[PDB]
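Shown here: the complex without one of its protein chains, the others still in place.
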Amino acid sequence: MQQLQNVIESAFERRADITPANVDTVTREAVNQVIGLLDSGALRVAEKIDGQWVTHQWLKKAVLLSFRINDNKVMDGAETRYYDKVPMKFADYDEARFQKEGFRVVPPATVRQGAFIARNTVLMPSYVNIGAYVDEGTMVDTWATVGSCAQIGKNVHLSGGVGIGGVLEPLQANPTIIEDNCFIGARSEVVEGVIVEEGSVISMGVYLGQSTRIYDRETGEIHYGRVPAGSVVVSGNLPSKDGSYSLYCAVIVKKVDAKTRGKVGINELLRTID
Amino acid sequence: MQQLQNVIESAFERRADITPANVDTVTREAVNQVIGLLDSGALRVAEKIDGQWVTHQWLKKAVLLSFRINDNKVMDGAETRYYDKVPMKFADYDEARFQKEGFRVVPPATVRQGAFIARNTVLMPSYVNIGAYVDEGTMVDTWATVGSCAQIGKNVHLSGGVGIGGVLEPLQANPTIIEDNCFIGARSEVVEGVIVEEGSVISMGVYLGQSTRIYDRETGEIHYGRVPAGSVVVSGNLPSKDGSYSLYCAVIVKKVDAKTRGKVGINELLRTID
Partner (left out) sequence: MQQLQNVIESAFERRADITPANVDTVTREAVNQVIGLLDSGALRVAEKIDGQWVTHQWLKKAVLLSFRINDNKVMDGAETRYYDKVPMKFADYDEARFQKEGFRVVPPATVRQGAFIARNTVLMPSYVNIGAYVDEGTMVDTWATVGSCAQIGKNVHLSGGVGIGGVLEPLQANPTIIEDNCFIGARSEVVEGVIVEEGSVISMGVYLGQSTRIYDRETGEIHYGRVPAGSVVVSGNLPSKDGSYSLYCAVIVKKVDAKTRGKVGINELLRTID
């Protein structure tokens, strides 16, 4: 990986001057290799280590560079045409590979090459962008989007119309991360490297970014950037000092319980069979 | 229907042990028949009877079982491939059938087999899941989603990015129902068997589930699970006891009037011609 990491970090510095025509064979083959590993799950943009999520910036750099080294090509849709430079992950798969890989892909769900999809996941019509990692047993419901380099844990349920922030535009320092066993309610959005800790339940229409106050009504504590494991979060507002208006905020109303669990469970019958 | 209802309710009990390989010819043919009837409108998951919506649980059971009896197959997209077990409703249609059926399907709108689409409807790019029923003159605007088994009335307008809850995952007791002549504003969501009574207008960004308080500012009455016919609903918040924060709620601000009607009308010129 040093043999790759090196070439990669070298080119990034020259990013604005590289183009699909002036790029040297070395750098091209390397970025190519790195994208192929992300696509495999062999490498991943962010990892939890010693109980801390860490970002491998050189891997974000390679994702970025792929856009400088590759040229667009016409892609043939059936009733229309496309012109883009990132290949479709599943375009070369056959039943054997799909069977071997063990996930379900509902038309017209789409995934870019360079994204990792784990066994036993179900992708309803949705989008998974380059460099993302989607772990085992997770469902990505209709019109949801897993942003560039985003990290989705095992057994997570991303409801309909949910958006998980990328790192490409706007440019971001760290990917967005949703830990294991979380449920993200319909039309909610999690962006800007916010971390939703495991086993948490985010309600519908909840918008979390670095400037969002996650208010714990119990303790009076206000969080920023992260949702403490096992929380149930809903939309609310906090009043101005004069009380003349109030602004949006996320409110932790309680810890997940049986009652909550009743409404957010994963349906095993929909998962992979034997 | 007893000849079908019977086999169906028998297998459901053995749901976890059935698989596409061990399933007996009988049960397979039956589930198959039942799905074909839902697809026709001949049967429907929930029906209003004596002015009460009622759920036919055995029909929800068959929808569920279809996922145990059928195996995935590679579906050929143009630029990509899919692997799933529910056929595409329109894959076998020709102009004659489309002409005869009388609705409009805008690419890349997609509908699963087992869903009923009525005459004179317009599907912008969106998703309609198995077992759903969409009645006459309704428009499903861009990126909207009609969840599994959901019931949509006649002349309804589901705006852009609207989501109507399914019953598959999370698993639900009753489907979500939107009665006739309702207008659901952009990016709103209605889930968990909530019922929106006829002629109601839901504003943009309104999220309704069983735990959502639908507050009538006029009467002071708080509803749960249903929107009284002819209401105009918008987002709001209710203050904590200490007044230190407030939480999301839906507010009935008034009864539909000419003024309202001015903003939510169906455009007949877009509907079917002669």
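When the chains are written out, they are named A and B in that same order, and each has its own residue count from 1.
Going forward, a contact is a pair of C-beta atoms (placed from the backbone, for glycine too) under 8 Å apart; a residue touches a chain by one contact, two chains touch by 3 or more.
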Going by the contact rule already stated, which one of B:11, B:31, B:65 or B:105 would touch the omitted chain in the full complex? B:105
For the chain left off this view, which of A:60, A:157 or A:187 is in contact with it? A:187
Residue among A:7, A:11, A:59 or A:88 touching the omitted chain: A:88
Among B:55, B:151, B:231 or B:246, residue touching the chain not depicted: B:246
Subunit B residues touching the chain left out here are 75-80, 82, 88-91, 93-95, 98, 103-111, 124-125, 139, 141-143, 157, 159-161, 183, 186-187, 203-205, 215, 217, 234-239, 246, 249, 251, 253, 263-267, 269-270, 273-274
Since one chain isn't shown, list which residues of subunit A touch it in the complete complex. 15-16, 19-20, 64, 67-68, 72-75, 77-86, 88, 107-108, 110, 127, 129, 143, 145, 147, 161, 163, 165, 168-171, 187, 189, 191-192, 205, 207, 209-210, 237, 240, 243-248
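In this section, only the chains that are shown with their structure count from here on.
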Using the average of all C-alpha atoms in each chain as its centre, how far is it in Å between subunit A and subunit B? 27
